[PDB]
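Asker: Could you slot chain A onto chain B? The hints should help.
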Amino acid sequence: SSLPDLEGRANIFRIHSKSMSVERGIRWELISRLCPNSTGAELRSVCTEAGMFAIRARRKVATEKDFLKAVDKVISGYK
Amino acid sequence: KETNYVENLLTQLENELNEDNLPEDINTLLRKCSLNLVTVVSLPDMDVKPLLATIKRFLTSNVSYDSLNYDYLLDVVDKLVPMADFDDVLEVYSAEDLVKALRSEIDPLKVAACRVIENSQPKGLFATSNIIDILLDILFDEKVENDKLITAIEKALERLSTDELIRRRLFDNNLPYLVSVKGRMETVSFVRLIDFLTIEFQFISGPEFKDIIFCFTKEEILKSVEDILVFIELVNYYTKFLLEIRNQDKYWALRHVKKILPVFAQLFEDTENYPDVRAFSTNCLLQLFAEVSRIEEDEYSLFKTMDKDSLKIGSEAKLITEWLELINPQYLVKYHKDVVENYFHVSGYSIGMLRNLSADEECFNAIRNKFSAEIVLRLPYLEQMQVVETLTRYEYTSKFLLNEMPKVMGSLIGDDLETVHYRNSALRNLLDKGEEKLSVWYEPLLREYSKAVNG
Numbered sequence: 377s378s379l380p381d382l383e384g385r386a387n388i389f390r391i392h393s394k395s396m397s398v399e400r401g402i403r404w405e406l407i408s409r410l411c412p413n414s415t416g417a418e419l420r421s422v423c424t425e426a427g428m429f430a431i432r433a434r435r436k437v438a439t440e441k442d443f444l445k446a447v448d449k450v451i452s453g454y455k
Numbered sequence: 004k005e006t007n008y009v010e011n012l013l014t015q016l017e018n019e020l021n022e023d024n025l026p027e028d029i030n031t032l033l034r035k036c037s038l039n040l041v042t043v044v045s046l047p048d049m050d051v052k053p054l055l056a057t058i059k060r061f062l063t064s065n066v067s068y069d070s071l072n073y074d075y076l077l078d079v080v081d082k083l084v085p086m087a088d089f090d091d092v093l094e095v096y097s098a099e100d101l102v103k104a105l106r107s108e109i110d111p112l113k114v115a116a117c118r119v120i121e122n123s124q125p126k127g128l129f130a131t132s133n134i135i136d137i138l139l140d141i142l143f144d145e146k147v148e149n150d151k152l153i154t155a156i157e158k159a160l161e162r163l164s165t166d167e168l169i170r171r172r173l174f175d176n177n178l179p180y181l182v183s184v185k186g187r188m189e190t191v192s193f194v195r196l197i198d199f200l201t202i203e204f205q206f207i208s209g210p211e212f213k214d215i216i217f218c219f220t221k222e223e224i225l226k227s228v229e230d231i232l233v234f235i236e237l238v239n240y241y242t243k244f245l246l247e248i249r250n251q252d253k254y255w256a257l258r259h260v261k262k263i264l265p266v267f268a269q270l271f272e273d274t275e276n277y278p279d280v281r282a283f284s285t286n287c288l289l290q291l292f293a294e295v296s297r298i299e300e301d302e303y304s305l306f307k308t309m310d311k312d313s314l315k316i317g318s319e320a321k322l323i324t325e326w327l328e329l330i331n332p333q334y335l336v337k338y339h340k341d342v343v344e345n346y347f348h349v350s351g352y353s354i355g356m357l358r359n360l361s362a363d364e365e366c367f368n369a370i371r372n373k374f375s376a377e378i379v380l381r382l383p384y385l386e387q388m389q390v391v392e393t394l395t396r397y398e399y400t401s402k403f404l405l406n407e408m409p410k411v412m413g414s415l416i417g418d426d427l428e429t430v431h432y433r434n435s436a437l438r439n440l441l442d443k444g445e446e447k448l449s450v451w452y453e454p455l456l457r458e459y460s461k462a463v464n465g
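Protein chains in written order, with PDB author numbering: chain B, 377 to 455; chain A, 4 to 418, 426 to 465.
Same shape as in the complex, but just chain B:
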């Protein structure tokens, strides 16, 4: 209907990772620049995916690298 701005996108990502086991300084502005014109739950899924890449690599704390893997899977990933 309207989509979120660079600011809002980071805000989604930050508020969302609170309930997630995640490593310290993940550059959320940068992650948001990789999800342009991306839906609410699209970004939420990039988090679910990052969580999966962590579990996949037998990890509890999800890397920024796990989020990059997550973006390439969800955002750049054609159905």
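Hints listed in this document are in silico derivations from the structure and should not be mistaken for laboratory results.
We put the CB at the ideal spot given by N, CA and C, even for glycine.
Hints are not guaranteed to be accurate.
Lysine-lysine pairs mimicking DSSO-like chemistry, simulated, CA-CA at most 27 angstroms apart [claimed, not checked]: (1) B/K449 <-> A/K146; (2) B/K455 <-> A/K243; (3) B/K455 <-> A/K337; (4) B/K455 <-> A/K315; (5) A/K221 <-> B/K441; (6) A/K321 <-> B/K441; (7) A/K340 <-> B/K394; (8) B/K449 <-> A/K321; (9) B/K449 <-> A/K226; (10) B/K441 <-> A/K146; (11) A/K146 <-> B/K455; (12) A/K226 <-> B/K455; (13) B/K455 <-> A/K321; (14) B/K441 <-> A/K226; (15) A/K126 <-> B/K449; (16) A/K243 <-> B/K441; (17) A/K59 <-> A/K126.
Computed beta-carbon distance windows for the label pairs [stated by the list, open to error]: (18) B/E399 <-> A/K402: 54 to 60 angstroms; (19) B/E418 <-> A/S45: 49 to 55 angstroms; (20) A/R106 <-> B/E418: 58 to 64 angstroms.
Answerer: Just chain A now, with coordinates in the frame of chain B:
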């Protein structure tokens, strides 16, 4: 009804702000102002000078308030400035007042300026001044972590970039600065530049275009691979670039890019040396390759060299399906009839490739043999409806589904909600052909369409 009410809400705010002490309710009032400003078209007949003077005063005054949530105020400013008469807005936030604001240390005041600069009328107003120059220094400074401001700067820049005067200030006056950020290549600064540039290429014209800023060297691309996030953004910049080439018939820019493209393909193939490339960027790279096999060139010269030297379509076992789902089917048929004929079959799985291979008539002819009326009815209905719907898209495919697989036509007409979407999609795409083309199929196609939409 006659919405006077809106100006009554603005004047009462103006009063509660100019007061010696401010109330608790102020935030709920500002929220009521923002809500009532979305609704109502450009109306409240008064020059708004008092409330904008009071707002500019409130921002320059850094003053921290226990009750006041500065964001709710700026929300009003964002909604007020565009609706308001810009000539009267220039009185409060003067050309010089903005230079002052953007060079200050008050972040909320800077944002206010960016909302003013966004709503510049005429657009090239501040193109004579260094107001454009300031914004670029803020935008490309990694220390600036204000998300609301960073965006306000870009939202302002995007609006103004339609103007030739604003673009001249960027790619001439500021061109040396822009070039510095590029060679600098600090992740935050650089990625901001990528995103600034992908916006600027929408409005940039053949002469206006400066090769130096929009283009990335082989040695630049390889340097990005370290911080993989940059390489990804760069892959993306180019996939996006090679797309707004076909989507604006800007074939002039194709020379500038053509050069570095094989670099990406090289980097993709090399795994021994760039594990990060194939790990963190496989998909978006495949996307960029899909765009290269689309660009207007001498019988796919660049792409076939890219395929022979680095991509190697078909040699790559696991990738065959992806290649067949993405790469230009016109190209796929020409150079990989083998890959198209041997590896495509009609399955539930196939669908991805089926929808891409169907796009070129010549290509679909090479995969028409894989179409038994039986092989299709083997599938569950949802799969069938996706297959049928895919065939219902083009002239040659509809013509084939109608004439050659009538058993399948029967299945579509018959005797899950996703299944229904695909089916009805197919049903209508078929009825768009007409009574004649359809023949024996028109009468029931309509019957089974009314059945599906009416009730």
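Asker: Against each hint, give a clear statement of whether it holds in the structure.
Answerer: Hints, verified against the model:
Taken as a hint, the B/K449 and A/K146 pair is broken in the structure, with Cα atoms around 30 angstroms apart against an allowance of 27 angstroms. In summary, the hint linking B/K455 to A/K243 is supported, as the alpha carbons are separated by about 19 angstroms, within the 27 angstroms threshold. Of the pairs offered as hints, the one joining B/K455 and A/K337 holds, with about 26 angstroms between alpha carbons and a cut-off of 27 angstroms not exceeded. This hinted pair checks out: B/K455 and A/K315 have alpha carbons roughly 23 angstroms apart, not beyond 27 angstroms.
Taking the CA atoms of A/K221 and B/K441, the gap is about 24 angstroms. The hint holds against a cut of 27 angstroms. Taken as a hint, the A/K321 and B/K441 pair is honoured in the structure, with Cα atoms around 24 angstroms apart against an allowance of 27 angstroms. Between A/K340 and B/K394 the CA atoms are separated by roughly 51 angstroms; this puts the pair beyond 27 angstroms, and the hint is violated. As the CA atoms of B/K449 and A/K321 are separated by approximately 17 angstroms, the hinted pair is consistent with the 27 angstroms bound.
Taking the CA atoms of B/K449 and A/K226, the gap is about 24 angstroms. The hint holds against a cut of 27 angstroms. Restraint check for B/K441 and A/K146: the C-alpha separation of about 23 angstroms stays at or below 27 angstroms, so the hint holds. The straight-line distance between the Cα atoms of A/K146 and B/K455 is roughly 38 angstroms, outside the 27 angstroms bound, and the hint therefore fails. At roughly 31 angstroms between alpha-carbon atoms, A/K226 and B/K455 are farther apart than 27 angstroms, so this suggested pair is violated.
Taken as a hint, the B/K455 and A/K321 pair is honoured in the structure, with Cα atoms around 17 angstroms apart against an allowance of 27 angstroms. A threshold of 27 angstroms between alpha carbons decides the hint, and for B/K441 with A/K226 the separation of about 18 angstroms falls inside it, so the pair holds. Restraint check for A/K126 and B/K449: the C-alpha separation of about 40 angstroms exceeds 27 angstroms, so the hint is violated. Between the alpha carbons of A/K243 and B/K441 the distance comes to roughly 23 angstroms, so the proposed pair stays at or under 27 angstroms and holds.
Distance check on the hinted pair: A/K59 and A/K126 sit about 22 angstroms apart at the alpha-carbon level, within 27 angstroms; holds. Restraint check, B/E399 to A/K402: a C-beta distance of roughly 56 angstroms satisfies the suggested window 54 to 60 angstroms. In this structure, B/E418 and A/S45 break the distance hint of 49 to 55 angstroms, their C-beta atoms being roughly 34 angstroms apart. Restraint check, A/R106 to B/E418: a C-beta distance of roughly 38 angstroms breaks the suggested window 58 to 64 angstroms.
Checked against the numbered hints given earlier, this structure breaks hints 1, 7, 11, 12, 15, 19 and 20; the rest are met.
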